[PDB]
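Student: As a plain string of letters, each chain reads:
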Amino acid sequence: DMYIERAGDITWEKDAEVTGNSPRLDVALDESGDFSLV
Amino acid sequence: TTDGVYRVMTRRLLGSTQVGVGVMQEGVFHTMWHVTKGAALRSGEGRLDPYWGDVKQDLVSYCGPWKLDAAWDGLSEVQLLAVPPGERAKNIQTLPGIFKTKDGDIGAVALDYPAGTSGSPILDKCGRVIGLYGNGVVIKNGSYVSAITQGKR
Ligand SMILES: N=C(N)N[C@@H]1CCCCNC(=O)[C@H](CCCCN)NC(=O)[C@@H](CCCCN)NC(=O)CNC(=O)CNC(=O)CNC1=O
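Protein chains in written order, with UniProt numbering: chain A, 1418 to 1455; chain B, 1514 to 1666.
These aren't lab readings, by the way, just hints derived from the structure by calculation. For each residue, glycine too, the CB sits at the ideal point set by N, CA and C. Careful, some of the hints might be misleading.
Claimed, not checked - Below, in silico cross-link-like pairs of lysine to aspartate or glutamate (EDC-like), each with a Cα-Cα straight-line distance of 20 Å or less:
hint, chain 1, residue 1, chain 2, residue 2
1, B, 1653, A, 1451
2, B, 1569, A, 1451
3, B, 1569, A, 1443
4, B, 1665, B, 1618
5, B, 1550, A, 1448
6, B, 1550, A, 1418
7, B, 1638, A, 1430
8, B, 1665, B, 1567
9, B, 1569, B, 1618
10, B, 1603, A, 1422
To be verified - Simulated DEER-style distance windows between Cβ atoms:
hint, chain 1, residue 1, chain 2, residue 2, range
11, A, 1425, B, 1555, 15 to 25 Å
12, B, 1558, A, 1432, 31 to 41 Å
13, A, 1425, B, 1583, 12 to 22 Å
14, B, 1627, A, 1438, 11 to 21 Å
15, A, 1426, B, 1557, 14 to 24 Å
16, A, 1426, B, 1627, 17 to 27 Å
17, A, 1431, B, 1550, 30 to 40 Å
18, A, 1425, B, 1527, 23 to 33 Å
One chain only, chain A, in its complex shape:
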């Protein structure tokens, strides 16, 4: 058994950190729902 606890609202924050790149990858998705790098 699991339980949920509220973590906040779904809102866009103007003063948000900007980070992370934008890679372009060829990937395969198998029947089990796992992504694979191709």
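The hints should help you fit chain B with the ligand onto chain A, whose structure is shown.
Tutor: Frame of chain A, contents of chain B with the ligand only:
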């Protein structure tokens, strides 16, 4: 059952453990299949039972059909409202990458977070959830790149 982002908790480990993230919208709770594996969730004195799921999409709805229909424009920046275990929800702006597959392309965010962060929503500038975070690959640098997982309503 109020709208917003919720933590998926469980006392089945050493104690309080956050297994993933979820989004409640229009009375339906949206998380990723691998987080709950369809298990029923407790919302206080009331329970929530799975309504729809697809292991391939790694998504699952509760109390109703999938309600998230917003899509990334493939152009604008978006924000990952990451919810790490024991850490306050933080908005992380970023520009999605591309997962190039045989069935088309999908957005991907190159953000690395604890395993318990699976299911944290990804927002557009308008505030609409355009997908869920937690299902991706690990790139060359040991990085983690999660796909912008979105279902059909
Ligand atoms: N390691 C990183 N740089 N970042 C991940 C972030 C993870 C965020 C939350 N997402 C998940 O938990 C999902 C759940 C399963 C969904 C797929 N059905 N897991 C992953 O996507 C699979 C994908 C591998 C399959 C590729 N074919 N990644 C891995 O396990 C890599 N982790 C390890 O090896 C050891 N674990 C850790 O360190 C803890 N977690 C990480 O650190």
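Student: Each of the hints needs a verdict: does it hold here or not?
Tutor: Hint check results:
1. B:1653 <-> A:1451: holds (17 Å)
2. B:1569 <-> A:1451: holds (8 Å)
3. B:1569 <-> A:1443: holds (18 Å)
4. B:1665 <-> B:1618: holds (16 Å)
5. B:1550 <-> A:1448: holds (16 Å)
6. B:1550 <-> A:1418: Given pair residue 1550 of chain B, residue 1418 of chain A holds - Cα atoms ~11 Å apart, limit 20 Å.
7. B:1638 <-> A:1430: holds (9 Å)
8. B:1665 <-> B:1567: holds (11 Å)
9. B:1569 <-> B:1618: Between residue 1569 of chain B and residue 1618 of chain B the Cα gap is close to 16 Å, so the pair holds against 20 Å.
10. B:1603 <-> A:1422: holds (16 Å)
11. A:1425 <-> B:1555: 15 to 25 Å: Because 20 Å falls inside the window, the suggested range holds.
12. B:1558 <-> A:1432: 31 to 41 Å: Cβ of residue 1558 of chain B to Cβ of residue 1432 of chain A: about 37 Å, so the range 31 to 41 Å holds.
13. A:1425 <-> B:1583: 12 to 22 Å: Cβ of residue 1425 of chain A to Cβ of residue 1583 of chain B: about 18 Å, so the range 12 to 22 Å holds.
14. B:1627 <-> A:1438: 11 to 21 Å: Once the Cβ atoms are compared, 20 Å apart, the range 11 to 21 Å for residue 1438 of chain A and residue 1627 of chain B holds.
15. A:1426 <-> B:1557: 14 to 24 Å: holds (19 Å)
16. A:1426 <-> B:1627: 17 to 27 Å: holds (21 Å)
17. A:1431 <-> B:1550: 30 to 40 Å: Given about 37 Å between the Cβ atoms, the range holds.
18. A:1425 <-> B:1527: 23 to 33 Å: holds (26 Å)
Going down the numbered hints, you'll see the structure goes against none, and every one checks out.
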